[PDB]
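One chain comes next, on its own, written out as C-alpha coordinates in the form deposited in one PDB entry.
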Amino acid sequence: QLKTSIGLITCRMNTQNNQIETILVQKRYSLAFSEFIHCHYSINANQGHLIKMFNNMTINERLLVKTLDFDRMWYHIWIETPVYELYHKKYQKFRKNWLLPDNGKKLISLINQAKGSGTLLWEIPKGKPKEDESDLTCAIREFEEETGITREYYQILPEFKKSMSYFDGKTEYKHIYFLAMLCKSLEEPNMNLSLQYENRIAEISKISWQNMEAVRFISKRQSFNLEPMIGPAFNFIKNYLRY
(Lines of atoms letter the chains of each structure in order from A and count residues from 1; the text may use other names and numbers.)
(Lines give C-alpha, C1' and ligand atoms only; values in the text may rest on other atoms or scores of the structure.)
Protein backbone atom coordinates (compact mmCIF):
# COMPACT_ATOMS: atom_id res chain seq x y z
CA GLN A 1 0.00 0.00 0.00
CA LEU A 2 1.01 3.68 0.29
CA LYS A 3 1.42 5.12 3.79
CA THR A 4 1.92 8.89 3.45
CA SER A 5 2.86 11.43 6.16
CA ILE A 6 3.29 15.17 5.61
CA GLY A 7 5.40 17.45 7.80
CA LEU A 8 6.87 20.95 7.96
CA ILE A 9 10.50 22.03 8.46
CA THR A 10 10.54 25.32 10.39
CA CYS A 11 13.78 27.23 10.56
CA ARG A 12 15.23 30.41 12.02
CA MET A 13 18.54 32.13 12.27
CA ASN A 14 19.77 32.26 15.87
CA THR A 15 21.60 35.62 15.49
CA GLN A 16 24.33 34.68 18.10
CA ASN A 17 26.04 32.60 15.36
CA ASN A 18 25.57 32.66 11.59
CA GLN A 19 23.73 29.37 12.01
CA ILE A 20 20.41 28.01 10.73
CA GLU A 21 18.46 25.84 13.20
CA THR A 22 15.21 23.87 12.75
CA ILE A 23 12.51 22.46 15.01
CA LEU A 24 12.84 18.83 15.92
CA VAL A 25 10.64 16.93 18.39
CA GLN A 26 11.40 13.87 20.51
CA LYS A 27 9.01 10.97 21.05
CA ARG A 28 7.88 10.12 24.60
CA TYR A 29 7.92 6.34 24.14
CA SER A 30 9.47 3.83 21.76
CA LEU A 31 7.89 2.08 18.78
CA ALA A 32 8.92 -1.20 20.40
CA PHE A 33 6.85 -0.38 23.46
CA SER A 34 3.93 0.72 21.30
CA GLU A 35 4.14 -2.46 19.25
CA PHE A 36 4.04 -4.42 22.49
CA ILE A 37 0.85 -3.07 24.07
CA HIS A 38 -0.89 -3.01 20.69
CA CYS A 39 0.14 -6.64 20.05
CA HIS A 40 2.08 -6.18 16.82
CA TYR A 41 3.84 -9.52 17.40
CA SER A 42 2.96 -13.18 17.56
CA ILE A 43 3.80 -15.76 20.21
CA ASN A 44 3.73 -18.59 17.66
CA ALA A 45 5.92 -16.98 14.98
CA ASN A 46 8.92 -14.64 14.85
CA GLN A 47 10.77 -15.28 18.10
CA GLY A 48 13.60 -13.03 16.91
CA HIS A 49 11.25 -10.06 16.93
CA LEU A 50 9.82 -10.76 20.38
CA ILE A 51 13.43 -10.57 21.64
CA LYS A 52 14.21 -7.40 19.64
CA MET A 53 11.00 -5.69 20.76
CA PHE A 54 11.87 -6.04 24.44
CA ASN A 55 15.50 -5.02 23.91
CA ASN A 56 14.51 -1.92 21.96
CA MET A 57 12.32 -0.55 24.75
CA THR A 58 13.69 1.97 27.29
CA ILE A 59 14.47 0.76 30.79
CA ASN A 60 11.47 2.62 32.23
CA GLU A 61 9.20 0.98 29.65
CA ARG A 62 10.50 -2.48 30.60
CA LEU A 63 9.89 -1.58 34.26
CA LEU A 64 6.31 -0.83 33.26
CA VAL A 65 6.07 -4.20 31.55
CA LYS A 66 7.53 -5.89 34.66
CA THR A 67 4.48 -4.51 36.48
CA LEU A 68 1.90 -6.81 34.71
CA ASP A 69 -0.64 -4.04 35.36
CA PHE A 70 -1.44 -3.71 31.67
CA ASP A 71 -3.54 -0.67 32.52
CA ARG A 72 -0.35 1.05 33.70
CA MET A 73 1.29 0.17 30.39
CA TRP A 74 -1.77 1.45 28.53
CA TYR A 75 -1.65 4.81 30.39
CA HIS A 76 1.95 5.39 29.18
CA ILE A 77 0.76 5.63 25.58
CA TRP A 78 -2.87 6.67 25.88
CA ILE A 79 -2.94 8.90 29.03
CA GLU A 80 -6.63 8.22 29.87
CA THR A 81 -8.08 8.89 26.39
CA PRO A 82 -11.20 6.69 26.20
CA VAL A 83 -10.65 3.71 23.89
CA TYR A 84 -12.29 0.86 25.79
CA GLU A 85 -12.74 -1.49 22.85
CA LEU A 86 -9.18 -0.81 21.73
CA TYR A 87 -8.12 -1.22 25.37
CA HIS A 88 -10.05 -4.46 25.94
CA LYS A 89 -8.96 -6.05 22.68
CA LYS A 90 -5.33 -5.38 23.55
CA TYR A 91 -5.86 -6.30 27.22
CA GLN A 92 -7.35 -9.68 26.33
CA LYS A 93 -4.66 -10.36 23.76
CA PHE A 94 -2.24 -9.37 26.54
CA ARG A 95 -4.00 -11.62 29.09
CA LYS A 96 -3.90 -14.70 26.81
CA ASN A 97 -0.19 -14.45 25.97
CA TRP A 98 1.54 -14.42 29.38
CA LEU A 99 -1.12 -14.24 32.09
CA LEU A 100 -3.22 -17.37 31.28
CA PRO A 101 -0.50 -19.84 30.30
CA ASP A 102 2.54 -19.11 32.53
CA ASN A 103 1.19 -16.35 34.84
CA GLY A 104 3.67 -13.73 33.73
CA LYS A 105 6.64 -15.95 34.38
CA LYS A 106 7.73 -16.23 30.73
CA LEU A 107 7.06 -12.55 30.11
CA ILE A 108 8.72 -11.46 33.35
CA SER A 109 11.59 -13.80 32.52
CA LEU A 110 11.87 -12.39 29.00
CA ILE A 111 11.89 -8.89 30.49
CA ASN A 112 14.76 -9.76 32.84
CA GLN A 113 16.85 -11.36 30.11
CA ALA A 114 16.29 -8.27 27.95
CA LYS A 115 19.65 -6.52 27.52
CA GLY A 116 20.60 -2.92 26.65
CA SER A 117 18.08 -0.14 26.06
CA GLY A 118 16.29 1.67 23.29
CA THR A 119 16.58 5.26 22.08
CA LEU A 120 13.66 7.69 21.67
CA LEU A 121 13.56 9.23 18.22
CA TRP A 122 14.15 12.80 17.13
CA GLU A 123 11.83 13.64 14.20
CA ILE A 124 10.57 16.48 12.03
CA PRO A 125 6.94 17.08 13.07
CA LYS A 126 4.86 15.11 10.56
CA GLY A 127 1.36 13.67 10.40
CA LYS A 128 -1.44 12.04 8.35
CA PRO A 129 -3.66 14.22 6.18
CA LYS A 130 -7.32 14.48 6.87
CA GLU A 131 -9.66 13.39 4.07
CA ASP A 132 -10.57 16.92 2.98
CA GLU A 133 -7.14 18.57 3.24
CA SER A 134 -4.40 19.86 0.94
CA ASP A 135 -0.88 18.61 1.72
CA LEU A 136 0.14 22.03 3.02
CA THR A 137 -2.94 22.25 5.26
CA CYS A 138 -2.06 18.91 6.82
CA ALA A 139 1.50 20.10 7.31
CA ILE A 140 0.41 23.35 8.90
CA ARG A 141 -2.20 21.71 11.14
CA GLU A 142 0.02 18.85 12.22
CA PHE A 143 2.95 21.21 12.86
CA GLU A 144 1.13 23.21 15.52
CA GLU A 145 -0.89 20.35 16.87
CA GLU A 146 2.58 19.09 17.83
CA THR A 147 4.36 22.29 18.93
CA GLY A 148 1.83 25.01 19.76
CA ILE A 149 3.63 27.16 17.14
CA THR A 150 0.89 29.10 15.35
CA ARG A 151 0.78 30.52 11.84
CA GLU A 152 1.85 34.07 12.69
CA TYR A 153 5.39 32.97 13.68
CA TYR A 154 6.52 31.64 10.28
CA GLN A 155 6.13 32.21 6.58
CA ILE A 156 5.72 29.24 4.26
CA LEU A 157 8.37 29.12 1.61
CA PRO A 158 6.27 27.78 -1.26
CA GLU A 159 8.87 26.51 -3.72
CA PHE A 160 10.35 23.84 -1.41
CA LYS A 161 8.94 20.29 -1.30
CA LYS A 162 10.97 17.17 -0.46
CA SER A 163 9.73 13.59 -0.49
CA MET A 164 11.43 10.50 0.90
CA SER A 165 10.01 7.03 0.31
CA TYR A 166 10.94 3.96 2.38
CA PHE A 167 10.52 0.18 1.87
CA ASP A 168 13.21 -1.36 4.20
CA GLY A 169 10.48 -3.67 5.56
CA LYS A 170 7.92 -4.46 2.78
CA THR A 171 5.39 -1.68 2.06
CA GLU A 172 5.99 1.99 1.07
CA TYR A 173 5.95 5.01 3.40
CA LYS A 174 6.02 8.39 1.61
CA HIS A 175 7.23 11.33 3.72
CA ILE A 176 6.58 14.77 2.24
CA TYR A 177 8.02 17.98 3.69
CA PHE A 178 7.29 21.65 3.18
CA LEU A 179 9.51 24.44 4.50
CA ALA A 180 8.90 27.48 6.69
CA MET A 181 10.99 30.42 7.75
CA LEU A 182 10.48 32.02 11.17
CA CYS A 183 9.65 35.71 11.48
CA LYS A 184 8.35 36.52 14.96
CA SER A 185 11.14 35.52 17.32
CA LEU A 186 10.62 32.40 19.45
CA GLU A 187 13.58 31.75 21.72
CA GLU A 188 12.33 28.73 23.71
CA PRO A 189 9.88 26.44 21.89
CA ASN A 190 10.29 23.59 24.40
CA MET A 191 8.13 25.82 26.70
CA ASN A 192 4.92 24.98 24.73
CA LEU A 193 4.96 21.41 26.13
CA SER A 194 2.48 21.22 29.00
CA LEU A 195 0.11 18.60 30.34
CA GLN A 196 -2.87 20.92 29.77
CA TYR A 197 -2.43 20.58 26.00
CA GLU A 198 -2.72 16.79 26.11
CA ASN A 199 -2.17 16.42 22.36
CA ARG A 200 1.21 18.20 22.20
CA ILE A 201 2.41 15.83 24.96
CA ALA A 202 0.56 12.69 23.82
CA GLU A 203 3.63 11.88 21.71
CA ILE A 204 6.27 14.59 22.32
CA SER A 205 8.78 14.81 25.20
CA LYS A 206 10.89 17.71 23.90
CA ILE A 207 10.74 20.39 21.22
CA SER A 208 14.03 22.02 20.41
CA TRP A 209 15.96 24.16 17.97
CA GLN A 210 18.72 22.13 16.28
CA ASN A 211 21.56 23.48 14.12
CA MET A 212 23.20 21.19 11.58
CA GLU A 213 25.79 19.62 13.89
CA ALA A 214 22.99 18.61 16.27
CA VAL A 215 21.11 17.14 13.30
CA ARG A 216 24.12 15.06 12.27
CA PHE A 217 24.91 14.10 15.87
CA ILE A 218 21.37 12.78 16.46
CA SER A 219 21.40 10.97 13.10
CA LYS A 220 24.51 8.97 13.92
CA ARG A 221 22.59 7.70 16.96
CA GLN A 222 19.12 6.81 15.63
CA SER A 223 17.86 4.59 12.81
CA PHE A 224 15.91 7.54 11.32
CA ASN A 225 18.53 9.63 9.49
CA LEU A 226 17.30 13.18 8.90
CA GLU A 227 20.15 14.95 7.12
CA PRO A 228 18.56 14.18 3.66
CA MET A 229 15.70 16.54 4.60
CA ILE A 230 17.46 19.19 6.66
CA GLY A 231 20.44 19.32 4.30
CA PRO A 232 18.30 20.60 1.43
CA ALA A 233 16.14 22.55 3.86
CA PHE A 234 19.09 24.55 5.15
CA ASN A 235 20.70 24.97 1.73
CA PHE A 236 17.40 26.40 0.49
CA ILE A 237 17.32 28.67 3.55
CA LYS A 238 20.82 29.98 2.79
CA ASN A 239 20.04 30.72 -0.85
CA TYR A 240 16.82 32.38 0.27
CA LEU A 241 18.49 34.60 2.87
CA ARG A 242 21.05 35.94 0.40
CA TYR A 243 18.45 37.71 -1.73
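Residues that one form lacks are left out of the comparison. Residue numbers count along the first chain shown, from 1. Rigid core (definition): largest C-alpha set, two forms, superposition within 1.5 Å. Compared with the form deposited in another entry:
- Fit the rigid core and compare the CA positions between the two forms: of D168, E80, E159, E152, just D168 moves by 2 angstroms or more.
- Once both forms are fitted on their core, the CA shift for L195 between the two forms remains under 2 Å.
- When two forms of a protein are overlaid on their rigid core, residues whose CA moves 2 Å or more are considered shifted, and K206 is not one of them between the two forms.
- Superposition of the core reveals a Cα shift of less than 2 Å for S34 between the two forms.
- Legend: core-fitted overlay between the two forms; highlighted in sequence order are 45 to 49, 168 to 171, the runs of at least 3 consecutive residues with CA shifts of 2 angstroms or more.
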Given for the second form:
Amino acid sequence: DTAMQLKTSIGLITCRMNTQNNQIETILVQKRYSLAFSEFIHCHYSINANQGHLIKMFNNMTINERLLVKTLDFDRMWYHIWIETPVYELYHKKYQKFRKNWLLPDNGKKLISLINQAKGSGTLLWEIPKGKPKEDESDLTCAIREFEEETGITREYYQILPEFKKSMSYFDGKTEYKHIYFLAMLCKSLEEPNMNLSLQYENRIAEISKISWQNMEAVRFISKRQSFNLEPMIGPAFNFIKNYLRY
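Pass me the form deposited in another entry as well; I've looked at the form deposited in one PDB entry already.
The text that comes after this line covers the one chain and nothing more.
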Protein backbone atom coordinates (compact mmCIF):
# COMPACT_ATOMS: atom_id res chain seq x y z
CA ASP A 1 0.00 0.00 0.00
CA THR A 2 0.76 3.66 0.52
CA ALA A 3 3.52 3.72 3.13
CA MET A 4 3.13 7.04 4.94
CA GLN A 5 6.19 6.49 7.08
CA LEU A 6 9.49 4.61 7.20
CA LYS A 7 11.05 3.53 10.52
CA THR A 8 14.62 2.15 10.49
CA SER A 9 16.29 0.28 13.37
CA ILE A 10 19.85 -1.09 13.40
CA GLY A 11 20.88 -3.99 15.64
CA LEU A 12 23.68 -6.41 16.47
CA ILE A 13 23.54 -10.20 16.46
CA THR A 14 26.29 -11.24 18.89
CA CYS A 15 27.22 -14.90 18.80
CA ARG A 16 29.42 -17.24 20.77
CA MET A 17 30.75 -20.73 20.58
CA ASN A 18 29.78 -22.36 23.88
CA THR A 19 32.82 -24.52 24.59
CA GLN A 20 31.00 -27.05 26.78
CA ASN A 21 28.45 -28.27 24.20
CA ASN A 22 30.02 -26.86 20.97
CA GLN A 23 26.70 -25.12 20.27
CA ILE A 24 26.46 -21.69 18.63
CA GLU A 25 24.54 -19.21 20.78
CA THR A 26 23.31 -15.64 20.37
CA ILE A 27 22.38 -12.88 22.80
CA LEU A 28 18.64 -12.25 22.89
CA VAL A 29 16.74 -9.87 25.15
CA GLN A 30 13.21 -10.34 26.46
CA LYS A 31 10.94 -7.31 26.65
CA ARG A 32 9.62 -6.04 29.99
CA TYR A 33 6.08 -5.09 28.94
CA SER A 34 3.73 -5.94 26.08
CA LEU A 35 3.08 -4.00 22.89
CA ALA A 36 -0.61 -3.96 23.85
CA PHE A 37 0.07 -2.24 27.18
CA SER A 38 2.33 0.33 25.54
CA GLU A 39 -0.26 1.01 22.86
CA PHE A 40 -3.00 1.44 25.43
CA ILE A 41 -1.01 3.81 27.65
CA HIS A 42 0.08 6.00 24.73
CA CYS A 43 -3.51 5.92 23.31
CA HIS A 44 -2.70 4.22 19.99
CA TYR A 45 -6.28 3.07 19.51
CA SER A 46 -9.65 4.61 18.70
CA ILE A 47 -12.11 5.12 21.53
CA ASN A 48 -14.82 4.91 18.82
CA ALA A 49 -13.86 1.39 17.78
CA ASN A 50 -16.26 -1.46 18.52
CA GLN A 51 -16.10 -3.33 21.84
CA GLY A 52 -14.62 -6.49 20.37
CA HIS A 53 -11.81 -4.49 18.82
CA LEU A 54 -10.82 -2.78 22.06
CA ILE A 55 -11.05 -6.11 23.90
CA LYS A 56 -8.42 -7.66 21.64
CA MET A 57 -6.04 -4.97 22.90
CA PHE A 58 -6.72 -5.93 26.51
CA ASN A 59 -6.51 -9.64 25.67
CA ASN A 60 -2.90 -9.21 24.57
CA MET A 61 -1.76 -7.53 27.75
CA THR A 62 -0.32 -9.68 30.51
CA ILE A 63 -2.39 -10.37 33.60
CA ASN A 64 -0.19 -8.07 35.68
CA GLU A 65 -0.67 -5.26 33.19
CA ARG A 66 -4.45 -5.71 33.26
CA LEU A 67 -4.36 -5.62 37.06
CA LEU A 68 -2.47 -2.34 36.79
CA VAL A 69 -5.12 -0.86 34.46
CA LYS A 70 -7.82 -2.12 36.84
CA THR A 71 -6.49 0.28 39.51
CA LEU A 72 -7.50 3.26 37.29
CA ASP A 73 -4.28 4.92 38.52
CA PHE A 74 -2.70 6.21 35.29
CA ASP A 75 0.49 7.06 37.15
CA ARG A 76 0.94 3.49 38.33
CA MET A 77 0.37 2.42 34.73
CA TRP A 78 2.78 5.08 33.47
CA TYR A 79 5.51 4.09 35.93
CA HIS A 80 5.30 0.53 34.62
CA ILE A 81 6.67 1.67 31.26
CA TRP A 82 8.61 4.88 32.06
CA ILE A 83 9.94 4.18 35.63
CA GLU A 84 10.20 7.89 36.63
CA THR A 85 11.93 8.93 33.37
CA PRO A 86 11.29 12.70 33.01
CA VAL A 87 8.80 13.00 30.09
CA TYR A 88 6.15 15.19 31.68
CA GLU A 89 4.74 16.84 28.54
CA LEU A 90 4.25 13.43 26.87
CA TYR A 91 2.86 12.18 30.17
CA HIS A 92 0.33 15.00 30.49
CA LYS A 93 -0.88 14.58 26.89
CA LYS A 94 -1.35 10.82 27.28
CA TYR A 95 -3.04 11.27 30.67
CA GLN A 96 -5.48 13.78 29.15
CA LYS A 97 -6.58 11.18 26.60
CA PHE A 98 -6.86 8.47 29.25
CA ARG A 99 -8.98 10.82 31.37
CA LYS A 100 -11.26 11.84 28.52
CA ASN A 101 -11.62 8.34 27.07
CA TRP A 102 -12.21 6.43 30.28
CA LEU A 103 -12.62 8.59 33.41
CA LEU A 104 -14.90 11.48 32.38
CA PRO A 105 -17.68 9.43 30.66
CA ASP A 106 -18.43 7.20 33.69
CA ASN A 107 -15.43 7.28 36.10
CA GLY A 108 -14.03 4.14 34.60
CA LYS A 109 -16.82 1.60 34.73
CA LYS A 110 -16.78 0.74 31.03
CA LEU A 111 -13.00 0.37 31.22
CA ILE A 112 -13.27 -1.94 34.22
CA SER A 113 -15.95 -4.04 32.52
CA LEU A 114 -13.76 -4.47 29.42
CA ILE A 115 -10.70 -5.14 31.57
CA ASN A 116 -12.71 -7.71 33.54
CA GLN A 117 -14.06 -9.54 30.45
CA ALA A 118 -10.80 -9.63 28.49
CA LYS A 119 -9.62 -13.23 28.19
CA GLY A 120 -6.17 -14.74 27.93
CA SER A 121 -2.87 -12.90 28.08
CA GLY A 122 -0.15 -11.80 25.69
CA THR A 123 3.49 -12.78 25.59
CA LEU A 124 6.65 -10.78 26.26
CA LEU A 125 8.73 -10.88 23.08
CA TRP A 126 12.30 -12.07 22.72
CA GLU A 127 14.21 -9.79 20.33
CA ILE A 128 17.64 -9.01 18.94
CA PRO A 129 18.94 -5.74 20.48
CA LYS A 130 18.45 -2.80 18.12
CA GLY A 131 17.58 0.88 18.02
CA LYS A 132 17.27 4.17 16.05
CA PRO A 133 20.39 5.88 14.70
CA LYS A 134 21.17 9.27 16.18
CA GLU A 135 21.72 12.22 13.88
CA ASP A 136 24.67 11.78 11.52
CA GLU A 137 25.47 8.43 13.17
CA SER A 138 26.61 5.61 10.94
CA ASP A 139 24.71 2.32 10.83
CA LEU A 140 27.47 0.34 12.52
CA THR A 141 27.99 2.97 15.22
CA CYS A 142 24.28 2.80 16.02
CA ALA A 143 24.24 -1.01 16.30
CA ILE A 144 27.26 -0.92 18.61
CA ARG A 145 25.99 1.91 20.79
CA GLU A 146 22.54 0.30 21.03
CA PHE A 147 23.98 -3.10 21.91
CA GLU A 148 26.04 -1.65 24.77
CA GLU A 149 23.14 0.52 25.99
CA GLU A 150 20.71 -2.40 26.21
CA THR A 151 22.98 -5.24 27.37
CA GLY A 152 25.97 -3.56 29.00
CA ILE A 153 28.35 -5.60 26.82
CA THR A 154 31.21 -3.38 25.63
CA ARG A 155 33.27 -3.52 22.44
CA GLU A 156 36.22 -5.31 24.07
CA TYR A 157 34.11 -8.49 24.28
CA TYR A 158 33.54 -9.07 20.56
CA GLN A 159 34.79 -8.55 17.02
CA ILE A 160 32.48 -7.33 14.29
CA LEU A 161 32.33 -9.63 11.28
CA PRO A 162 31.85 -6.98 8.59
CA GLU A 163 30.97 -9.24 5.64
CA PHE A 164 27.55 -9.99 7.23
CA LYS A 165 24.55 -7.68 6.94
CA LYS A 166 20.90 -8.80 7.16
CA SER A 167 17.97 -6.48 6.37
CA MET A 168 14.32 -7.23 7.20
CA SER A 169 11.21 -5.38 6.03
CA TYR A 170 7.80 -5.34 7.69
CA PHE A 171 4.71 -3.43 6.57
CA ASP A 172 2.09 -2.08 9.02
CA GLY A 173 -0.17 -0.76 6.26
CA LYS A 174 1.22 2.73 6.47
CA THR A 175 4.49 2.31 8.35
CA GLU A 176 7.40 0.56 6.74
CA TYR A 177 9.84 -0.99 9.21
CA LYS A 178 13.46 -1.55 8.15
CA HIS A 179 15.64 -3.62 10.51
CA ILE A 180 19.36 -3.89 9.72
CA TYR A 181 21.56 -6.36 11.59
CA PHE A 182 25.30 -6.66 11.87
CA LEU A 183 27.07 -9.71 13.25
CA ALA A 184 29.65 -9.93 16.03
CA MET A 185 31.59 -12.86 17.45
CA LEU A 186 32.45 -13.03 21.16
CA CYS A 187 36.21 -13.01 21.79
CA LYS A 188 36.18 -12.79 25.61
CA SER A 189 34.36 -14.90 28.18
CA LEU A 190 30.89 -13.77 29.20
CA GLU A 191 29.00 -16.67 30.72
CA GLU A 192 26.10 -14.81 32.44
CA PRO A 193 24.93 -11.85 30.35
CA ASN A 194 21.81 -11.63 32.49
CA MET A 195 23.98 -10.40 35.38
CA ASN A 196 24.35 -7.13 33.48
CA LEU A 197 20.66 -6.36 34.15
CA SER A 198 20.53 -4.11 37.25
CA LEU A 199 18.25 -1.25 38.22
CA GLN A 200 21.23 1.07 38.54
CA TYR A 201 21.51 1.05 34.71
CA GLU A 202 18.28 2.71 33.56
CA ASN A 203 18.92 2.04 29.87
CA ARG A 204 19.32 -1.71 30.30
CA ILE A 205 16.15 -2.24 32.37
CA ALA A 206 14.12 0.43 30.52
CA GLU A 207 12.66 -2.16 28.12
CA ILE A 208 14.32 -5.46 29.10
CA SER A 209 13.48 -8.15 31.68
CA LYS A 210 16.07 -10.76 30.69
CA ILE A 211 19.25 -11.20 28.64
CA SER A 212 20.26 -14.72 27.68
CA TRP A 213 22.44 -16.84 25.44
CA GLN A 214 20.15 -18.77 23.12
CA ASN A 215 21.02 -21.73 20.88
CA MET A 216 19.17 -22.44 17.64
CA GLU A 217 16.74 -24.95 19.18
CA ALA A 218 15.72 -22.31 21.74
CA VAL A 219 15.48 -19.69 18.96
CA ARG A 220 13.13 -22.01 17.08
CA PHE A 221 11.15 -22.84 20.25
CA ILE A 222 10.67 -19.15 21.02
CA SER A 223 9.89 -18.16 17.41
CA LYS A 224 7.00 -20.64 17.19
CA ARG A 225 5.41 -19.10 20.30
CA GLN A 226 5.46 -15.38 19.48
CA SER A 227 4.56 -13.06 16.65
CA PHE A 228 8.16 -11.95 15.99
CA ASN A 229 9.92 -14.62 13.88
CA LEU A 230 13.64 -14.72 14.74
CA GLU A 231 14.68 -17.57 12.42
CA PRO A 232 15.10 -15.41 9.24
CA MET A 233 17.85 -13.47 11.04
CA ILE A 234 19.49 -16.05 13.33
CA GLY A 235 19.54 -18.86 10.78
CA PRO A 236 21.68 -16.94 8.29
CA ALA A 237 23.76 -15.51 11.13
CA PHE A 238 24.63 -18.96 12.51
CA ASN A 239 25.34 -20.17 8.99
CA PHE A 240 27.85 -17.36 8.64
CA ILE A 241 29.36 -18.21 12.05
CA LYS A 242 29.88 -21.85 11.00
CA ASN A 243 31.69 -20.82 7.80
CA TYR A 244 33.80 -18.31 9.71
CA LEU A 245 34.92 -20.92 12.25
CA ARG A 246 35.49 -23.72 9.71
CA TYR A 247 38.16 -21.58 7.96
